[PDB]
Amino acid sequence: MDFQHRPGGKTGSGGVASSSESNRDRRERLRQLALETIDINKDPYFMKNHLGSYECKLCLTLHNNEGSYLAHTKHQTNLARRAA
Amino acid sequence: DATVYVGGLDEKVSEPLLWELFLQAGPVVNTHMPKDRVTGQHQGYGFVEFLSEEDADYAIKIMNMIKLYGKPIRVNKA
Amino acid sequence: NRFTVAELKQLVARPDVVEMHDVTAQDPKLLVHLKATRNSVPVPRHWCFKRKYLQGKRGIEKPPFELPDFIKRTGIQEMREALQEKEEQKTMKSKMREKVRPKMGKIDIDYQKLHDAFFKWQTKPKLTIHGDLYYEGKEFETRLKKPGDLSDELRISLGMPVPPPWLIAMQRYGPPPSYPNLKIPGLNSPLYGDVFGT
Ligand SMILES: [Zn+2]
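As you go down the protein sequences, you meet chains A, B and C in turn. Residues 1 to 73, 77 to 87, numbered by full-length UniProt numbering, are exactly what the first sequence covers, in order. The second sequence finishes on residue 89 if you use full-length UniProt numbering, and the numbering steps up by one all the way, no holes. Residues 458 to 601, 604 to 621, 629 to 656, 682 to 689, numbered by full-length UniProt numbering, are exactly what the third sequence covers, in order.
These are calculated hints, taken from the structure and not from any lab test. Hints are not guaranteed to be accurate.
Below are the BS3-like pairs computed for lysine-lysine, each with C-alpha atoms no more than 30 Å apart in a straight line [what the hints assert, rightly or not]:
#	chain 1	residue 1	chain 2	residue 2
1	B	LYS72	A	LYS42
2	B	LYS23	C	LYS543
3	C	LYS514	A	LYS48
4	C	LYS550	B	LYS23
5	B	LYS46	A	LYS48
6	C	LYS507	A	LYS57
7	C	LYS560	C	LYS519
8	C	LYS581	C	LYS605
9	A	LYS48	C	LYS581
10	A	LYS57	C	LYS570
11	C	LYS649	B	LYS72
12	C	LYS563	C	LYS577
13	A	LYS48	C	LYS595
14	A	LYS42	C	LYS519
15	C	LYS550	A	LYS10
16	B	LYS23	B	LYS72
17	C	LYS570	C	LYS560
18	C	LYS514	A	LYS42
19	C	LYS507	A	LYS10
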């Protein structure tokens, strides 16, 4: 057989991860991307709870997902209200 | 003159240490100890609003002789 | 239709147990009689609040956990955190490689240390009273530190041996007007440890 034209595979691989492992890896990567964009934007309103949840201290609003806080950018009117 | 300015302290004497000294000596209803936005450290002087003017008078007269964190704490009427 | 707080204070032997809105109850005298017994508990404060119970924090941070002394004396936290930090740097290629080729003997300490920490090193913890009711605070006012007694940190900071420098002025000034029922031992009521008064 064409050994140099078979699809590539290596011994001792372990296989492809399941849906749950890929889902939690995607969630961890989304958390890392959200933290990278928060550190790039340098927003001090972001906080992580003791139970591990996103919180807007300028809005005082909890967020279930990272994109919930990423869409929380109302926040300008709440920042103007909490400025004084 | 329920509010009394308490100073002459150091970084070890904080708002909770002043609250413990108040619970020893004379009760204070509120505490006002603002801090800077860059340093964020206690200056040792804060406005303790007492529940009565006699408590602030006893803090200014009798309790203004302690050594809070090595420095002599002085309470003045405010 | 219902009497005022003065009639409830005169009728009941305990006027301090009469609430502000207890007069609008259908049986205010029976509620005052039930509230005046030795083994009663108050209503939790959330019935008057619009806020739900322990719900409106929303912005504070807390420490995660404080383990007891025998569990930390077994020391499971050290290699547990080492294993978590080692697994955090692993890739998913290495994760399924370890899944198909496992490596045991990670902790592998003994059974006798956990048996001793469960039984020989078992310590009874601190439990509160039967009438205690936790609320939104109940974690900060731990003085119930007696009044009329200086703290140990203030005694160490002012150089008070166990003679404070302001104790002579406190003895010459009499009792403070903020706490007239507080008695300071050693100078006014002639005091073990830092609690030199009550
Ligand atoms: Zn916001």
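Going down the list of hints, with the structure as the test:
1. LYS72(B) x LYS42(A): 49 Å, violated
2. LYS23(B) x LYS543(C): Answer violated: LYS23(B) to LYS543(C) is near 39 Å, above 30 Å.
3. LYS514(C) x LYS48(A): 13 Å, holds
4. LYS550(C) x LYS23(B): Violated, at about 52 Å.
5. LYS46(B) x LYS48(A): It holds: about 24 Å lies between the C-alpha atoms, which stays within 30 Å.
6. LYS507(C) x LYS57(A): Distance of about 21 Å is within 30 Å: holds.
7. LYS560(C) x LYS519(C): 36 Å, violated
8. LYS581(C) x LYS605(C): 25 Å, holds
9. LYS48(A) x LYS581(C): 34 Å, violated
10. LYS57(A) x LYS570(C): 45 Å, violated
11. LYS649(C) x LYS72(B): 20 Å, holds
12. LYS563(C) x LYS577(C): With Cα atoms ~26 Å apart, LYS563(C) and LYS577(C) stay inside 30 Å; holds.
13. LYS48(A) x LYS595(C): 24 Å, holds
14. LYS42(A) x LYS519(C): Roughly 23 Å between the alpha carbons, so the hint for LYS42(A) and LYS519(C) holds.
15. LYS550(C) x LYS10(A): Holds, at roughly 11 Å.
16. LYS23(B) x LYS72(B): 23 Å, holds
17. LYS570(C) x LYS560(C): 23 Å, holds
18. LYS514(C) x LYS42(A): The hint holds at about 24 Å.
19. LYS507(C) x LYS10(A): With a Cα-Cα distance of about 63 Å, the restraint between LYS507(C) and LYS10(A) is violated, given a limit of 30 Å.
Hint violations for this structure: numbers 1, 2, 4, 7, 9, 10, 19, all remaining hints satisfied.
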